[PDB]
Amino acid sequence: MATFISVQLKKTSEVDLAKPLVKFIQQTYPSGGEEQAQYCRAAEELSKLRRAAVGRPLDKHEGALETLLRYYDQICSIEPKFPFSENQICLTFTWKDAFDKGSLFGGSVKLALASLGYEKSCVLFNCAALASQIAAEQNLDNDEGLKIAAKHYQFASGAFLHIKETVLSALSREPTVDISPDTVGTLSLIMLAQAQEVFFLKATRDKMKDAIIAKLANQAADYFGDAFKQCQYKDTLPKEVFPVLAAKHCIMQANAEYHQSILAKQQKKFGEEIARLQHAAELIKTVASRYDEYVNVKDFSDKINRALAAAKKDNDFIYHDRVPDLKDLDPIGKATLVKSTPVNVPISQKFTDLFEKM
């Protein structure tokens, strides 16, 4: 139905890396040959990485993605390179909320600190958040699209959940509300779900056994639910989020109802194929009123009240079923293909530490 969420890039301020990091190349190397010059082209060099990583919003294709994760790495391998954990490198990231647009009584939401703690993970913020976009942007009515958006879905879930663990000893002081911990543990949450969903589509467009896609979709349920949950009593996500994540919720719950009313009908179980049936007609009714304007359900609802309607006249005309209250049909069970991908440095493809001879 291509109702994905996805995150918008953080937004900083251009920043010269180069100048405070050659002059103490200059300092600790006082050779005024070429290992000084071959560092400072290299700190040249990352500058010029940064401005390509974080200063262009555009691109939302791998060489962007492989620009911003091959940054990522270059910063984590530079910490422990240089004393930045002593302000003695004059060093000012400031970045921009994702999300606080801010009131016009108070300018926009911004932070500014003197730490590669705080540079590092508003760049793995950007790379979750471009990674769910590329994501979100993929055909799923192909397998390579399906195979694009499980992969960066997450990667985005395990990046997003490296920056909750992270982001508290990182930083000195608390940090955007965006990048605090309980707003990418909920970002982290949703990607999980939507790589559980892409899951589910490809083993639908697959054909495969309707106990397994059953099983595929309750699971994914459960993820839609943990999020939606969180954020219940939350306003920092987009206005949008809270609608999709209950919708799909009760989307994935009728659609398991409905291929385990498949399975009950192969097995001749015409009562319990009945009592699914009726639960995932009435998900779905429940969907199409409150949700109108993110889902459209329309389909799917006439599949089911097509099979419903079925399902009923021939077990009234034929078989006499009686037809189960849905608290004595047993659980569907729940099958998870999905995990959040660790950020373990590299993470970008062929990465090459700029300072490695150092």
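Residue numbers count along the first chain shown, from 1. Rigid core: the largest C-alpha set superposing within 1.5 Å between the two forms. What changes on going to the form deposited in another entry:
- Just one residue from the list 100, 79, 182, 143 crosses the 2 Å line for C-alpha shift between these two forms on a rigid core fit, and it is 100.
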Given for the second form:
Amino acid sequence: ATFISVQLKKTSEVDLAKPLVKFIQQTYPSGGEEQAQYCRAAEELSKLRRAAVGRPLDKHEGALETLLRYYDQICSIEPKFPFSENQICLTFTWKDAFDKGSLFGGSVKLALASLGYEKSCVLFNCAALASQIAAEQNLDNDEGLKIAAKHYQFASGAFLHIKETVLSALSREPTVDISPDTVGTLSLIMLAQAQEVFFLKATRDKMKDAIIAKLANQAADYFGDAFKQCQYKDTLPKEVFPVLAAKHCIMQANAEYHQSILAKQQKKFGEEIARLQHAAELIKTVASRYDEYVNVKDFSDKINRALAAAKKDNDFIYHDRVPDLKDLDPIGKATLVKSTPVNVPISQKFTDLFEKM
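Let's see the other form, the form deposited in another entry, since the form deposited in one PDB entry is already up.
Keep in mind that what follows is only the chain, not its partners or any molecules around it.
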């Protein structure tokens, strides 16, 4: 797997119905009708949590929609019950996504009587399953690329929303996984992979080298920023650092490779060789250091063929001087990706079980 995805967080089963039923029975003490409707909704919601977060999930759209629907539904009932006045006896227990190390500290599992905590962990699971569905996709198929682009940008924006909102209505320190720095880095990683998908779509369609170079160069920035962040404080699984380092260098090489083709077409034979030499040294670093995590053989050969043929033609025919890298026009950047904002509802055919209350 060259693409990073995130494991879903684990949670204990909760009787979500019991305290909502009790509140309904106290609000509508004579209302046979209202008790029957909203208590049924409360039992439906408790089944929905069990379906969304209480079991392992297949990497299918139907499982993500269940998750998305659960997130919408708990956002919808927040005002309709006194969660705010701490008068609903509900504790949610969640386990850090990143199950590594000794166990030491005491925060593998964290229990909080907080709907805000529940919201953050559920949205984390939405992001995580989105990252997994995206990473399952066949990127040699056009619909796989479309799904991957949508799901990476969703995951990016869901992880960002958690970063902007998690500390508020959490009281004490979160588990590390949902901490603002952890989800911030995850957000960037997903955006980088989203931009990589657009670069692979452009490659698959044999679009002009100029845009491909620019798509790859934007991906380099994203992977470079993710990698810088994940160096500082590394909390993530051990494969993330070397994959981001690899993809940072690979995407700079792709940018230089495709720019080199445009330099050739424009008869700038010296720049072609200058850029192909940069591509090659970047791919030498990757092969050398990130051998375990990415396979760059076919790319490395392509570069070396193009470089050999360029230098023969230039030495015999063109005699173009090979520019220093510093004197090259910077490659542009084409941004095709954004962190998709979280605006409830994010599920498909969303009906609030407590619409009527």
